[PDB]
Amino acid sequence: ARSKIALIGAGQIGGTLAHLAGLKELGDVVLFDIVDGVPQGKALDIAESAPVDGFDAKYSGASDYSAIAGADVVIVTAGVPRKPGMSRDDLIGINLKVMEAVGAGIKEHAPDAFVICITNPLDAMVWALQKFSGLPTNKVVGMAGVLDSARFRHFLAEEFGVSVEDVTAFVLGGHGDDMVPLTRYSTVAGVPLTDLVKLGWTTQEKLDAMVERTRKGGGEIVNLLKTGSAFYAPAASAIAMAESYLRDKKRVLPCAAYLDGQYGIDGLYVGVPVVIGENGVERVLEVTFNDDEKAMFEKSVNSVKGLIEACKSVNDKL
């Protein structure tokens, strides 16, 4: 009767997800990977940490999909990350094929799961995984905007010298160079950033620099680490989406969600604000854009369509 969380991919993000699921006592955890030994190892290491922190959760590792049977939530990091110099879209060839296998494992063994996709390029990969798996669209989502928004919140907290708890950010669109941070709908304690520029708490130029740093955030971390990409903030972000589902919190979070008409878009995953509860993606919050925001969003969406055509370009079934 505890919730069961299956982690497909037991790498950098996958391990961090497992550790956090325990610390937050979200349920039992299964780590799945094709490299044998790795998920069993990480599973046992985290299990062995549990008595120090006092959390009760069962941990196991597997390389067979039957291990995921009946999972309440499935989080997918399987595939490859970027190296310095690469865009996320350079990962499609390898990663699309991974989503195909993963999707078949979910369809067969955890068809009632809430599935959170992280593998990049995210808006394309999650669209793919939903098709391959055949799960209902409200039960399949992509983690991106919560990460982007959390980066922006960090930079803003630093700039204004305030608690991260009292900063809000709204970032929509692709998880891409062209994602759209909405300065008008980002706040300190409810006061929009555009108002804070007026009050002199910051400048326009500093605000623009933070928007740009947000757009380039993933790359900034790749360039520092060199051997891989970010994993702490991606993991935290997906975990918040998972907790909202498992605890029916109805968090409002920017996630790559399937649109049927919202924002005038039909049939794609795109980053938008969504309510997440026990029924999955329960509602999309459709804001009214001004002309500049609308332009940036249309462009972001065009990139996503570009990527989706590239996925079809290379795979029969899609």
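Residue numbers count along the first chain shown, from 1. Rigid core here is just the name for the largest C-alpha set that superposes within 1.5 Å across the two forms. Shifts are known only where both forms have a C-alpha. Compared with the form deposited in another entry:
Core-based superposition between the two forms leaves all of 234, 103, 81, 218 but one with CA shifts under 2 Å; the exception is 81. Core-aligned CA deviation for residue 177 between the two forms: 2 Å or greater. The two forms, fitted on the rigid core, differ between the two forms by 2 Å or more at the CA of residue 91.
When the two forms are overlaid on the core, consecutive residue runs of 3+ whose CA positions all differ by 2 Å or more between the two forms map to 81-91, 175-178.
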The other form holds:
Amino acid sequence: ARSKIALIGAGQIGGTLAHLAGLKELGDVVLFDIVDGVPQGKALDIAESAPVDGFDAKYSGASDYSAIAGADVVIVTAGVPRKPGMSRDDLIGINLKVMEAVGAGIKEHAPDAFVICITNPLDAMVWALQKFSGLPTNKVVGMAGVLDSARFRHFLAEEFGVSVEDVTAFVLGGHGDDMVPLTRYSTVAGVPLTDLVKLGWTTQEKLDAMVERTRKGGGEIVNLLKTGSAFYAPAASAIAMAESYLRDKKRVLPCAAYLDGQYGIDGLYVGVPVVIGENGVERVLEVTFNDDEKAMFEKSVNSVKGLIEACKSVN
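For comparison with the form deposited in one PDB entry, kindly provide the form deposited in another entry.
All you get below is the one chain by itself.
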């Protein structure tokens, strides 16, 4: 009866998720992959690390979905990268097929799980995974906003020369051009960034550049690493979501969540602040937008709609 965490995909993010789940003593971990040996090896390596910090957790790797039976949390990173010669449709086609298999596995073996999707393109993959698995919409979420929040917080803390603990970033929507930052609901110690510009703690230009840097943040890591994308911050972000579920913390975190009318939207996964507790997505915090924000949010949702239409077109 420790909690059981199944990690579907045992690649860069999945290994990191597994390591964090151990260090944080969140429970037992099953790593799943289609590449045999990989999840077993990473599982055993992490298991062998455990006596150094003293965490007691069972680790195992598998390529059969029976291994995930009764998982409390399932975190999905399974899929393929968009190689330079691949279309968007190609990628969606491929990773939709992966979501199909993953959804079937969760449906059969872990129907009571809280599912956190990470696989790109996230706002479509999470939507697809919920549909394929049939799980309740409040029990399937996507990680995206926490990562954007984390990047922006790092840039802010560096700018102001203050602890990351005292910075808050408010972001909705998706990544990149689909991100909807509210600098007025972003703060240092409760003071909004817009007021910090008035105080002269920063400048409008520096603030705008930090917002843009957050939009571009994923690509900035790709451009440095060259062989892959970011994994430490993505994994940390999803573990925060998982921990909030497992420990019923009721964190308020921006995640891709199924909207039943909130923000004027019905039937789509959109990045919004949600309370995560033992019942999954328990409430959506719907803020009041100004005009600039309404228009940014509308673009962002249209982007999601266009990708969902591409999914239906390819499946």
